[PDB]
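What follows is one chain in structure tokens, specifically the form solved without the ligand.
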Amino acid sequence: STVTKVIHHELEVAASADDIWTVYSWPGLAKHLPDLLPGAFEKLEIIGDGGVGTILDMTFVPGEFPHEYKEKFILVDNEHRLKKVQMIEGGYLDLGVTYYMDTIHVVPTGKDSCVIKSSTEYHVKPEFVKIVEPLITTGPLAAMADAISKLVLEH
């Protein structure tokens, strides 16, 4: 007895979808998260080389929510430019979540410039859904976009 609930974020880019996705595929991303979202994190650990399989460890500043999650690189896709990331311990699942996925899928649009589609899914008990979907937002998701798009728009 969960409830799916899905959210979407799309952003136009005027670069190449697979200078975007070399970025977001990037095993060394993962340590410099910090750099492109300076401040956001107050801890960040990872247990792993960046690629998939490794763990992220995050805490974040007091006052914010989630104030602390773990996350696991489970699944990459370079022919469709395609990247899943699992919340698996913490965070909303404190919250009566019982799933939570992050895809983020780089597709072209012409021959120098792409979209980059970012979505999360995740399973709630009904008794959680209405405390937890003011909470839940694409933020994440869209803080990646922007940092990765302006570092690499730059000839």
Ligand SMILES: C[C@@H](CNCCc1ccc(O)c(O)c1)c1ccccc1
The other form holds:
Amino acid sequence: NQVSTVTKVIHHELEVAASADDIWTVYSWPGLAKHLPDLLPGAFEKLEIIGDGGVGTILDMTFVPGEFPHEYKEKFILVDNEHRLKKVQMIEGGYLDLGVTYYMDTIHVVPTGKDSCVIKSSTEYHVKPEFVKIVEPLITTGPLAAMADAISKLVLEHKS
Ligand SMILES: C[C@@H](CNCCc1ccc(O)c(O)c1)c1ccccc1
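Please move on to the form solved in complex with the ligand, as the form solved without the ligand is already shown.
Shown next: the complete complex, the earlier chain at its head.
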């Protein structure tokens, strides 16, 4: 037969003193992609956007030297305004070159009051069992936390 692939999930939250709608509005903004290096000081050696920024857009990203991974492409695969849920898939390169067969980020912006919310970020991946110990330490909440940190700051400042 084949040995089962292994599934791993990691999770990150950031509480934010702004409406779920204000935060959701930036995460789902088709204009965000182009602005990513404005939101992340460096990190990008290169960023090519294929598509209009909306769902179906492919981002091809090269990272400054050292940074693992160095290169990968990501695709915006779902926007759900009713749930404030967005999904972004890693589609080529990156961890897919280290025995990972599926890598999906989900962001869910959840109201905590009239004027507060929590950004729930998760990554789910499927990995060949002999590669689990290799990738386990490489795949972290770092990138989701960095996205939530930048968007949180942008929105709180746009309204202070
Ligand atoms: C590329 C990002 C994480 N993925 C970001 C995907 C995305 C694009 C456009 C969006 O409007 C959005 O909500 C998510 C990243 C961060 C730090 C370090 C490395 C990568």
